[PDB]
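What follows is each chain in one-letter form.
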Amino acid sequence: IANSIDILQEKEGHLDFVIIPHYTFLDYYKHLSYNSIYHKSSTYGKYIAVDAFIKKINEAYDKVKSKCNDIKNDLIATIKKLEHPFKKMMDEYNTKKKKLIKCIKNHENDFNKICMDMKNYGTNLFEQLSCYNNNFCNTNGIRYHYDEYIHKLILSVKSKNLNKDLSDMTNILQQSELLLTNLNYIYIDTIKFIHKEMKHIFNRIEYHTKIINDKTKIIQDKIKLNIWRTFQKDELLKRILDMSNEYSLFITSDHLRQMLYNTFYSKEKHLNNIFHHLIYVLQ
Amino acid sequence: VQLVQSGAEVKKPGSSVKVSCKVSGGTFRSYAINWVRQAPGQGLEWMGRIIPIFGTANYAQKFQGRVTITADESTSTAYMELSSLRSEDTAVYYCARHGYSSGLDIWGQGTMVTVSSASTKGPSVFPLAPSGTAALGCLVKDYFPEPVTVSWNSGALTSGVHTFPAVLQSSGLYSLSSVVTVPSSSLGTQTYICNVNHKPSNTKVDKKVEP
Amino acid sequence: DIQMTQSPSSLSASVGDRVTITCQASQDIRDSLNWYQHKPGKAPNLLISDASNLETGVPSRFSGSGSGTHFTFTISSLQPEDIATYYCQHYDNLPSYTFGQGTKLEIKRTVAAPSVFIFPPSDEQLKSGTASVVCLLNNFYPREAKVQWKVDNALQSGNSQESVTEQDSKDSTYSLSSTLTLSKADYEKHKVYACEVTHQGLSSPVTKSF
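Chains A, L and C are the protein sequences, given in the same order.
Numbering-wise, this note's numbering puts 31 at position 31 of the first sequence, and it's gapless, one number per residue.
Numbering-wise, this note's numbering puts 399 at position 116 of the second sequence, and it's gapless, one number per residue.
Numbering-wise, this note's numbering puts 694 at position 200 of the third sequence, and it's gapless, one number per residue.
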C-alpha cells in the first residue's frame, strides 16, 4: 500500500497526494451505481440522489486528506527553499516526505470507511437490476452511461498525443542532463535535485500513459460488444462489472497523467530559471 | 441534442439523392441514426439504420441495393443515398436516433424529396384583402415543388391561422392559401405580414396584406 | 419479419372520451413496442417507449399497456389536441423496425355552421393577367361540404374549383378553400361572382357574392 501514492505539484507552491487504489475503487463504484440506475428507464430519477451521494463521498474523503495538510504545507515550504540559492535541506525534505506519507498511513481505516460506504451503496443499486425477461436483457444502461460519462473522455484523450507529449519530455531531460555534464558550485546541487525529481516524474507519466493507451483501445473494443444486444441477466451483470473495471482503470490513469503533465512543466519552468541565473547573471 | 436534415429537393427520375442529418453533439457516440420515409398517403416506412461506432448499416429488404447510408465523423452528419429514383420515391424522409428507451427518440424535421423531371419554380404571393369579426390571408400560387412554409407576423400571430394544404394544379404547380381571423377593431390598428418560404427555390416573401 | 396488425384504421370518438388503439404481432415480442403520435407536417413524436413507459413530457392521459402478441394504447380523456395519426412499432436488434398500419383519430363533435367569406382577385395579380377568386368556409362541422361557383347566375363547374383540404383544428373544427382561377379576359367579361355553400349546419344554403 505504501508504493501506490502519487504526489502532484502542478503550481509552484502546490502538493497533492492521490491514493491510486482508493481513487480506482471509488471510481469503480461510481460507474456501477450509474449503470444500475440507467438500465431501468423508471430508475432514471435516482440520478439526483446518486450525484449528491457521490458529492458527499468526495467531500468526506477530502475532509480526511485535509488532516495531513499542515504536514503537506510544511513539506511544500521545504521544497520551496530547496529549489533556490544542502545536506540538512535534503534530509529536511526526506524527513518531511516520509512524515507526510506516515500521516496518510495513519488514516488507513478513516479512508476505507468512506470506501466501504461507497462499495455498499453501489452494490445496493446493482443488486436492484431489473430485467423484463431475465433471458433477454437490454443494453440501454451501458449506452447512456458510455455516451454521457465515458465517450467524452475517450475523445478528449484521443485528441491529445500522449506519445508526442512523452517524446517532448525525453528531449527536455536529454538537454538538461547534457548541460549538467558540461557544468565542470552549489547551483549544480539544486539542479541535480530538480532534474532527478523530473526524471522520476517522466517514469510516472510514461507508466500512466501506457495504461491510458491500452485502456482506450480495450474500452473501444469492449463497448462495441456490450451494446445493441439482448444479454442473459447473468452475462449482463458480468459485462457491467467488466466495463466499470476498464472505465475505473482508464479514468484514474488519465486523471493522474494530466496532473503529472502540469507537474513536470511547472518544475521544468523553475529548472530553466536556475539556468538563466547560473549563466546570464553569473558568468 | 438535435437532428438537422437538408431542405426539400426535386430530383430527376433515374438520379440519386443525398439527404443530410447533422447531430448536435460533435460525434455520433453509440447512437443509431435511422431513416424512415412517409410516402404520399402511406404510413411510416422504415428504410435503414446506421450505427457509426459499429461502422455497419442495416437496410430493409425493399431498400437494399438502392439505399446506402453513410456517416461523416468529421462533421457528425449521417447521409442517406437513394439511387436511381423513380416517381414512387416522392416522400418525406425522416431522421431518428434510437434512444435509451429502445425507440425513435430524436426526429429530424423532414426532407420533401420529390421525383419529377420538372424544375423548381418559386411562388407568387398575392394578398387576400378583407371585405362580426374579419378574416384575411395570403395566396401563394404557381410554385413547384412542395413545400412552402407560411407564418404570420414573423411567428407572433398563431391564434386563428388556418394554413391550407397545397392543391396541385392542372399546370403542374402547387397553390396554397394561409388565412387568419382577426377582430374588426385591430383591422386598422395592427400590422399584418405573411412570411412565405419556398426553400427549393430560396424564396422568402414578406407580403403586407392591407384591407 | 413480424407483422404488426394495428387496428382500427379510423376512429371518430368525441371529446372527454376514452380511446383504445391496439397493436398485434405475428410472433412473440416481449416488451419492444413503441407508440408514436404523427401530427401533420410535424415529425412523429414518441409517446410510449418499451410497451408501457410514458415518454418524458407526454401527458398522463396516454398510457401504453400489454405485452406478448397483443399490446394496447389508451387515451384516458380525448382532447382536441389529440387529433393525429397514431402508429405502433417494434425493434428486435437484428435489426427489425417493423411498423404499425396507423389509426387516424378524428373527433366527432358539435354541428357547427360554416363562416362563408368571399375573396376577390387582388389588383396586384390582375396586373399579371391572372384572376383567381377564393371562397373560404371557416370552423365548420361535418367536414362534408359542397360549394358551387355561379359566374353571373350560371353554374360554372369544370373551371378550376380546387377545394383545398380541411385542416382539423384544436377547437375540433374544419376549413375549406374553393378557388376559381381564370384569365382576366374572362374575369372582366362578367361582374357578379358567388359561392353557393350547402352544409348540414346551414338550414338555408347561404351564398356570398361580389
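Hint data in this document are derived by calculation from the structure and do not stem from the laboratory.
One should not assume that every hint holds.
Claimed, not checked - Under the rule of at most 30 Å between Cα atoms (straight-line distance), these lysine-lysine pairs were calculated in the DSS-like manner:
| # | chain 1 | residue 1 | chain 2 | residue 2 |
| --- | --- | --- | --- | --- |
| 1 | L | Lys345 | A | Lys224 |
| 2 | L | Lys345 | C | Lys678 |
| 3 | C | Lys536 | L | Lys305 |
| 4 | C | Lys702 | L | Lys491 |
| 5 | A | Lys224 | L | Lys305 |
| 6 | C | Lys678 | L | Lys490 |
| 7 | L | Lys345 | C | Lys533 |
| 8 | L | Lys487 | C | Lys685 |
| 9 | L | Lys490 | C | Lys598 |
| 10 | A | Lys63 | A | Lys113 |
| 11 | C | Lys685 | L | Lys482 |
| 12 | L | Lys404 | C | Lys621 |
| 13 | C | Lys533 | L | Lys294 |
What the hints assert, rightly or not - The calculated label-pair distances, taken between Cβ atoms and stated as ranges, are:
| # | chain 1 | residue 1 | chain 2 | residue 2 | range |
| --- | --- | --- | --- | --- | --- |
| 14 | A | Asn109 | C | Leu548 | 23 to 31 Å |
| 15 | A | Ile218 | L | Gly309 | 32 to 40 Å |
| 16 | L | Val287 | A | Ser167 | 38 to 46 Å |
| 17 | C | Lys602 | A | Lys238 | 21 to 29 Å |
| 18 | A | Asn213 | C | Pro574 | 56 to 64 Å |
| 19 | A | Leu179 | L | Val284 | 21 to 29 Å |
| 20 | L | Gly309 | A | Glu12 | 34 to 42 Å |
| 21 | A | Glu12 | L | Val287 | 41 to 49 Å |
| 22 | C | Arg512 | A | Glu148 | 33 to 41 Å |
| 23 | A | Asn133 | L | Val287 | 31 to 39 Å |
| 24 | C | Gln573 | A | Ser130 | 43 to 51 Å |
| 25 | L | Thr358 | A | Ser167 | 25 to 33 Å |
| 26 | A | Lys80 | L | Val287 | 34 to 42 Å |
Said to hold, decoys possible - Only some residues are given here: those of chain L computed to face chain C with a beta carbon under 7 Å:
| # | residue |
| --- | --- |
| 27 | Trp329 |
| 28 | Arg332 |
| 29 | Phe337 |
| 30 | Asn341 |
| 31 | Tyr342 |
| 32 | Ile389 |
| 33 | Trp390 |
| 34 | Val450 |
| 35 | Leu456 |
| 36 | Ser460 |
| 37 | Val462 |
| 38 | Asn480 |
Here a beta-carbon is modelled for each residue, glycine too, at the ideal position from N, C-alpha and C.
Verification of the hints:
no., hint, in the structure
1, L:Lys345 x A:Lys224, "28 Å, holds"
2, L:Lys345 x C:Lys678, "49 Å, violated"
3, C:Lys536 x L:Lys305, "19 Å, holds"
4, C:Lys702 x L:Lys491, "25 Å, holds"
5, A:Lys224 x L:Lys305, "23 Å, holds"
6, C:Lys678 x L:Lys490, "22 Å, holds"
7, L:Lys345 x C:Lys533, "26 Å, holds"
8, L:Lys487 x C:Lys685, "35 Å, violated"
9, L:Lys490 x C:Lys598, "35 Å, violated"
10, A:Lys63 x A:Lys113, "13 Å, holds"
11, C:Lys685 x L:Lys482, "38 Å, violated"
12, L:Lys404 x C:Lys621, "20 Å, holds"
13, C:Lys533 x L:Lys294, "26 Å, holds"
14, A:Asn109 x C:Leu548: 23 to 31 Å, "47 Å, violated"
15, A:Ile218 x L:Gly309: 32 to 40 Å, "23 Å, violated"
16, L:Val287 x A:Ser167: 38 to 46 Å, "41 Å, holds"
17, C:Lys602 x A:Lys238: 21 to 29 Å, "56 Å, violated"
18, A:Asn213 x C:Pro574: 56 to 64 Å, "60 Å, holds"
19, A:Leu179 x L:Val284: 21 to 29 Å, "53 Å, violated"
20, L:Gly309 x A:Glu12: 34 to 42 Å, "35 Å, holds"
21, A:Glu12 x L:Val287: 41 to 49 Å, "47 Å, holds"
22, C:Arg512 x A:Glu148: 33 to 41 Å, "38 Å, holds"
23, A:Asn133 x L:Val287: 31 to 39 Å, "37 Å, holds"
24, C:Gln573 x A:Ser130: 43 to 51 Å, "33 Å, violated"
25, L:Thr358 x A:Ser167: 25 to 33 Å, "31 Å, holds"
26, A:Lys80 x L:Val287: 34 to 42 Å, "55 Å, violated"
27, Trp329, "4 Å, holds"
28, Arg332, "6 Å, holds"
29, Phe337, "11 Å, violated"
30, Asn341, "5 Å, holds"
31, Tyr342, "10 Å, violated"
32, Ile389, "9 Å, violated"
33, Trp390, "4 Å, holds"
34, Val450, "4 Å, holds"
35, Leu456, "11 Å, violated"
36, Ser460, "5 Å, holds"
37, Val462, "6 Å, holds"
38, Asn480, "13 Å, violated"
Consistency with the previously given hints fails for numbers 2, 8, 9, 11, 14, 15, 17, 19, 24, 26, 29, 31, 32, 35 and 38, ordered from lowest to highest.
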